[PDB]
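Take a look at this one chain, the form deposited in one PDB entry, written out in structure tokens.
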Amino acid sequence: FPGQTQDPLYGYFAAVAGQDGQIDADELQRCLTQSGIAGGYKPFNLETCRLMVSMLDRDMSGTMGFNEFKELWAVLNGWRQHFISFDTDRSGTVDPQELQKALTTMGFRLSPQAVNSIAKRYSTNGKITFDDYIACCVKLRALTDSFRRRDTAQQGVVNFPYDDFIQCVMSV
């Protein structure tokens, strides 16, 4: 009984959720905007929301419930902290070098080539929005889990048949 309280995140979710207690990507975009997790920056774009839904969609419903929303909140905060470290000018954007450190402090060791190829895919006039940073974190997590589960020899090299490579990457 004692030590219970109203979850402060519940309100944002109930404002957008259907009577079934579920939200889809569009509904997720709205309540994330409301939640202030993107701060003063722009809303997450709809591809970023699709990625976030897919990340937590364990019943393959195309939707999430409130418990998953709270899980998502925890994940997004972890990643946001690394971002606001190196968002030294409060831009809501990081440059490629800043990005490299954020991902580094998260424990990704990526080469300058891997970072540059991430930056160029999501740059907007040479800088990466918080929105695109989050999309990138979601994809990195999924593709890294895909790589790791196939590393039989445990030397950081995976033997990828073509068909498996395609399904694996196209599924994200």
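Residue numbers count along the first chain shown, from 1. Rigid core (definition): largest C-alpha set, two forms, superposition within 1.5 Å. First, how it differs from the form deposited in another entry.
- Assigning each C-alpha to the better-fitting of the two rigid parts between the two forms places residue 115 and residue 87 apart.
- Of the two rigid parts of this chain, the smaller turns against the larger by 14 degrees between the two forms, per C-alpha superposition.
Okay, that is the form deposited in one PDB entry; can I get the form deposited in another entry now?
There are no partners or other molecules in what follows, just the one chain.
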């Protein structure tokens, strides 16, 4: 094509993908660190990266390709952007109520009780860090997609058989 160019994100990726163009949660964690997506904030944990791989692992290989990495970057940027509009104090952490308003604006639709529940799960010393916030986000997106694809009748309710429920949530 006439307007082709080198993708700036490929370098970070190629540096850890080796010769098969695929990366695991460990490698994903390293290249994301270099990419600097976590701005000033602390680097992502291996667990959060594990959730990230799972969220985009369409063929269940426990790995991720460059195109998937590109998707992730787009998504993580959106969430950090949203997180930023709440970390006024620029503390690298956010308030429980600020979290309720963050989730609601980014598209999620949870009840006050559910939000309270989620806030409690990721609250360390009253606050929610950037790492936990993102972890929360990928897991929310991940579980909501699955639920969504099982509810094409869009009734907000799905009958989960035990085996399906287990294989579904254990991945995230």
